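Student: All chains, full assembly: derive it from the sequences and hints.
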Amino acid sequence: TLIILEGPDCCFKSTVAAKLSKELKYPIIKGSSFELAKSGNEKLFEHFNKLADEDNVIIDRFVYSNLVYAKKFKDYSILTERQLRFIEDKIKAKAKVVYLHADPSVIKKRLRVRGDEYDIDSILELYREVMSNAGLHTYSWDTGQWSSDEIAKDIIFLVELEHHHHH
Amino acid sequence: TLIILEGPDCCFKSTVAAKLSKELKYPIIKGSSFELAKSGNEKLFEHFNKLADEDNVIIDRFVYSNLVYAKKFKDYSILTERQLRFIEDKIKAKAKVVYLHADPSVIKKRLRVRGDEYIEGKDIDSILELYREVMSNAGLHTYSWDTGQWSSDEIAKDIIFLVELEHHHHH
Ligand SMILES: Nc1nc2c(ncn2[C@@H]2O[C@H](COP(=O)(O)OP(=O)(O)O)[C@@H](OP(=O)(O)O)[C@H]2O)c(=O)[nH]1
Ligand SMILES: Nc1nc2c(ncn2[C@@H]2O[C@H](COP(=O)(O)OP(=O)(O)O)[C@@H](OP(=O)(O)O)[C@H]2O)c(=O)[nH]1
Ligand SMILES: [Mg+2]
Ligand SMILES: [Mg+2]
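In order, the protein sequences belong to chains B and A.
Read left to right, the first sequence gives residues 2 to 119, 124 to 172 (the authors' numbering).
The authors' numbering numbers the first residue of the second sequence as 2 and each following residue consecutively.
A hint or two may mislead.
[What the hints assert, rightly or not] Computed cross-link-like contacts, PhoX-like style, restricted to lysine-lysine with a CA-CA straight-line distance of at most 25 Å: (1) 109(B) <-> 75(A); (2) 39(A) <-> 73(B); (3) 110(B) <-> 110(A); (4) 73(B) <-> 72(A); (5) 109(B) <-> 95(A); (6) 44(A) <-> 72(B); (7) 75(A) <-> 44(B); (8) 73(A) <-> 44(B); (9) 44(A) <-> 75(B); (10) 26(B) <-> 93(B); (11) 110(B) <-> 109(A); (12) 75(B) <-> 73(A).
It should be emphasised that the hints constitute simulated quantities derived from the structure, not laboratory data.
Tutor: Dropping the structure here:
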């Protein structure tokens with residue numbers, strides 16, 4: 002199964018991915034790449050289609066993140082409706098979309114390095134809209150209430166069930 | 002005089018500003034605001050024009066950074082050639098434009114230590130290049146300092162020297 006982790010920064014995405022990989026033994030792959038989106042739609046889509054054709058992997062940031070940041074950065078290709086829906090229909094039977102987030106203030110506090118770097126409110130709103138428009142069943146966790154460890158365990162427990170395996 | 006600090010991130014801009022302010026006793030004001038940039042050109046120009054009326058203050062990032070970041074973010078207003086030219090003429094007799102930079106390697110290092118992980122090499126390069134180009138094309142005389150070999154103390158001292166030497170400069 003494809004475990005897709007989406008969401009704004011500082012929301013335990015990489016840590017979750019790490020825990021899930023150590024347990025499920027699924028390789029971790031970065032999906033939504035900046036420079037990739039700037040290389041054009043064709044390369045963008047072909048990349049997602051390559052991953053979409055795979056299974057038993059953990060994708061840190063994927064199609065939904067592209068729809069978010071494409072509205073923020075210039076020269077940042079975005080997937081067309083056709084492309085998005087094409088990929089969803091191809092992974093619908095094997096994907097698990099996990100949305101990780103936190104309150105705008107919780108994230109802000111998490112990036113205490115310089116008030117200038119801080124935007125976040127606008128990104129969260131976009132994720133919500135994008136996720137709310139997803140054509141796949143999704144699972145969301147408020148990283149502000151649940152720990153990265155409890156989230157990983159839930160996802161691991163879940164995957165083990167569908168695979169009809171014990172714990 | 003009006004001190005303007007420009008340049009990419011982690012180049013001692015805010016530190017220099019704080020040191021210059023302690024000495025010269027000039028208030029410190031951030032010029033380029035991400036929120037203001039997304040509120041439209043009219044709002045953008047209006048704000049820059051008001052700052053252009055100020056004097057004896059330090060502007061941490063101004064019209065030049067606007068030109069840089071407008072080419073990187075969407076729904077991010079940019080000054081027009083005419084407006085930029087208008088602001089320059091308006092403060093040419095009191096402005097001191099400072100450009101603080103550093104090699105890409107140095108910048109990337111400061112980002113790592115600052116805590117980033119997502120070191121966007123290519124992005125950082127394009128931004129650094131934009132700054133050089135926009136600064137070279139500045140309609141106002143500019144002073145540059147390679148923060149890779151010059152400390153914020155040494156820089157502030159140099160700038161303090163220039164402000165003092167001003168009542169000796171003509172034309
Ligand atoms: N409070 C808490 N934080 C956790 C937990 N799991 C991971 N984190 C921390 O939160 C930070 C962002 O983790 P990461 O998953 O890379 O964020 P991301 O969603 O942007 O990818 C990390 O901190 P650092 O970069 O500062 O080390 C990681 O250690 C957890 O259960 N609780
Ligand atoms: N090596 C050195 N570093 C200096 C010197 N001056 C300022 N710095 C450091 O470099 C960091 C970025 O400085 P700052 O002026 O905030 O950068 P900016 O231009 O993005 O505003 C700071 O570190 P922190 O945020 O980590 O504290 C500041 O302390 C100096 O002469 N030498
Ligand atoms: Mg991550
Ligand atoms: Mg600063």
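Student: Hint by hint, say whether it matches the structure.
Tutor: Outcome of the hint check:
no. : hint              : verdict
1   : 109(B) <-> 75(A)  : holds (22 Å)
2   : 39(A) <-> 73(B)   : holds (11 Å)
3   : 110(B) <-> 110(A) : holds (23 Å)
4   : 73(B) <-> 72(A)   : holds (12 Å)
5   : 109(B) <-> 95(A)  : violated (38 Å)
6   : 44(A) <-> 72(B)   : holds (21 Å)
7   : 75(A) <-> 44(B)   : holds (21 Å)
8   : 73(A) <-> 44(B)   : holds (20 Å)
9   : 44(A) <-> 75(B)   : holds (21 Å)
10  : 26(B) <-> 93(B)   : holds (21 Å)
11  : 110(B) <-> 109(A) : holds (23 Å)
12  : 75(B) <-> 73(A)   : holds (5 Å)
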